[PDB]
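Let's start with one chain on its own, the form deposited in one PDB entry, as structure tokens.
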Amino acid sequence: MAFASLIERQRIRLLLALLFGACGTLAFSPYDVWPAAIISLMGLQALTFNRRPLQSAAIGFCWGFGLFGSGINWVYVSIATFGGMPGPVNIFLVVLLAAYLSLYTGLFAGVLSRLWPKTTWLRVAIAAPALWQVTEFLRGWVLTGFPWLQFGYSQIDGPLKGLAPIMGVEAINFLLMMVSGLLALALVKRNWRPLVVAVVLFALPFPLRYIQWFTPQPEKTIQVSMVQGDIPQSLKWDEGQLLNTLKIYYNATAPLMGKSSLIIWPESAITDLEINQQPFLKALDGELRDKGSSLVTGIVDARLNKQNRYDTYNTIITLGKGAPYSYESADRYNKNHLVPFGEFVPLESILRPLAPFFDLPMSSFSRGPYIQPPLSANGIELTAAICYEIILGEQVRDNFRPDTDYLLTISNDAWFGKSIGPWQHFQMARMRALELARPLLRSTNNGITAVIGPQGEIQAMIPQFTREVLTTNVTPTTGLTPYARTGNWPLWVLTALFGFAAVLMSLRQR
């Protein structure tokens, strides 16, 4: 009796939704069980059937809470190591983040149930992917966004990967939601017709994975090195640890000079202000040039502006052959999209006049422009993105140029230790190489350092948590994928057409 009440049946769906959401985490690296994405989304689509909209919203929230609570709780590692807060507060902040992101999946399920209450193929295959595109856009946009755990990234090594160079990863997000809805409808209606459509829609993109939208340029093959310094995270200012860090990177780099055309040091590899390291940079620049090598490295640049204040940038500088170092060189990249709660706090500008001055951080990061030219070194054009920025597919594509030779991302993922976070990050980085058909050079502090090929494949990699140099031959590519040509406006046009048709039909019951 009691287990069969209406409130109990709804609470069972909430529990199932939590589990199906958590199943979705298995789709991403390091687990890479890409069928888990479909299982997860089937649960979301099926458990929201035949619900009042507020019930469906609660189910979508709990599904999100399962997904995000199991999938991004690795942020705890950084909070607990550097936040100085008590254990229960650290857990609460993680629960808070997961609940915040689950508002968007609750939003999805509530609106889907409100406008498409009946269990139909139009709900699951037309309305749902268009609506999901919108709510996932809002999750990636509101308060500068956090578009982490999009299931399309789980197809980097999967049957649907050929879709990404055509319309971008969000087209895989779209198709996965559509295919999983049809499977949910087939299960619940016990009907073979939606299953056949789902398998057909899922299988049609398979041969696209064999398209090379690029041509290799073996006449430009070079040896590249990426120095994984494995520098432990600092807490106070210490010139002694700064000098040991420069020592590690220089000594690893010296024997590569004249052999690697390109050497890369990761995000903030030089943990001092650029203005404070002019002798070292000039001396290093001459050594590199005298041997025909170039260096690209992260650094912090507090740059005095015409208002006689300092704009502090998270920066990539260039040195050596084809990139003569100068503090006034334009051959540099300034991070545009700061990491929320890492490099700034959302809404902190609205609140600054209330804060005691002694409680404000010593300084804050400014932002580079949304589009910056490629870096140039040793005749090589590198489209750069620092750390988190590599997950912003449209922004990387908007910075990409036809004459880009390689994608470049440098990152310091040490904040998150041995967790799945660095693996999820790395998996998303690979999607950019596939989307734009360029090899990606990913240089990190302690992992994951790798060369990704122009179809997202791992061409070379070194283990995490080692002080080591990755040295390999890399070949640039040329050619434009359709997605490089367009960006995601074609997917948005399809989203509008599905959304228009679905909302029109939903209104037709008037």
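Numbering follows the first chain given and starts at 1. Rigid core here is just the name for the largest C-alpha set that superposes within 1.5 Å across the two forms. What changes on going to the form deposited in another entry:
- Large C-alpha shift between these two forms, rigid core held fixed: of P207, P361, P373, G379, this applies to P361 alone, with a displacement of 2 Å or more.
- Relative to the superposed core, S349 shifts its CA atom by 2 Å or more between these two forms.
- With the core held fixed, the Cα of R190 is displaced between these two forms by less than 2 Å.
- Superposition on the rigid core between these two forms places the CA atom of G83 2 Å or more away from its counterpart.
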Given for the second form:
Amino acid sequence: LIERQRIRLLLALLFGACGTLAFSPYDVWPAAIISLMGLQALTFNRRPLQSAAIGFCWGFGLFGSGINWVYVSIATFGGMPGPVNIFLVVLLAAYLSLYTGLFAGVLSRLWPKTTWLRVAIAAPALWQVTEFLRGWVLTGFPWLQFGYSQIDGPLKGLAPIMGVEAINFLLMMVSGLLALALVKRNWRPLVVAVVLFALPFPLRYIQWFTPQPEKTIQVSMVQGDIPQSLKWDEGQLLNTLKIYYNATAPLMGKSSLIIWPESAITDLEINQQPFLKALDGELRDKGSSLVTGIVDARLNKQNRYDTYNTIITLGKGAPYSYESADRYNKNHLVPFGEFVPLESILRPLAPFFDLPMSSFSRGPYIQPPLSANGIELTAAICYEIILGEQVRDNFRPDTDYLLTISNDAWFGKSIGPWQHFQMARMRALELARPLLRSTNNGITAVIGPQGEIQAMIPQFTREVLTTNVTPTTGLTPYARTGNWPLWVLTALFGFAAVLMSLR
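Now show me the form deposited in another entry; what you just gave was the form deposited in one PDB entry.
What follows is just the one chain, with no partners and no other molecules.
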């Protein structure tokens, strides 16, 4: 028989890479089940170290093929030779692949026999703990979670109840039973798998929200398409400010809310006071509000400058003040982009090399929703929208819309900005709120309360997306409880499965 560990590692690579087809650009949702079926079936009847090796290679295919878009960021930021960046991409993919090896290795140790307890009970619970660590250890990088591939799929109804991680759970469960049915040539796990998969379908029709048409507003989002910063001089700041203002001016009397993307204003907040105070007056005059990203350096009590990635509000119902509490400061910073890991390497800084000291500061985990024109917006900047629990914790029942401002000009023309967009849609469906995503170039859109794309403008263009958005009010089960029910389910599955293994 050709079942040999060399073959299994080769197939793990292909079934892992197959998982990339499930996500935003390709959107083949059944690829998630086939992907997880390979991981489930290939680890059958293996030593714990052989299984861990197969789990690693599955993760290497998935993350190698689907996360490789980070290269362009490493290339332009890191300042490294070409093959060094390639090595660093292989490094990152390997790091994430560890958690998949850990999953397979632990699963094979406690549940070596190929049984429905292994695939249906132990696997989903362990996968939950595994995938939790991947997105937690260090800052965490929970990219490529197959739950997001169901945003338009049959399992979308599960999301507003138990959240996206419940779709991760059920998919690992259903894929496990199918791998068992195939390997053991037994139709019974197939029937259960189909039933477990089909039952959540009617839930996609439940509306846990209700719209508020009397609050319908016309919202505008300016896609500035301002290029990467090659030279910062007052000539580029004046060009940027002109582009954004000139696009906002004709909308001042019509659109109740105007949004500019992440770090849209390319100068410090303290250096723009005349501009902003004058812009706040013009908006209040015509009865409009502006929400724009800006980089804000702020003197601490210690008299040291703390630089924030901010969101500031202007206009009607949001009078601009540098001391205003109506602002959002980014919390979760990109590990190598916005801060430096291991700041304690300051010893080689002064003697020998020129080491980066440049690092952003973090805002609070919980922040009140931005108010503009009497509209409540719970903001998340860029990467932060992929963090399900953080967005839910900040979410308030009076929130009218979810707000994301991002700058994806890096990773442009790649799968990355789409995978990012796909996870932003998940937030709207989970919380039953419209989501307003204004970016610099990549994927400016409006997403309804069920995750449907309401309006969208093409990438890499200089445009304004103006459309009517009506807010929603009610509370979903996930918005109340969060992922506590899933962790309760995961505990009961792990309790049973470990108790069964220990007997």
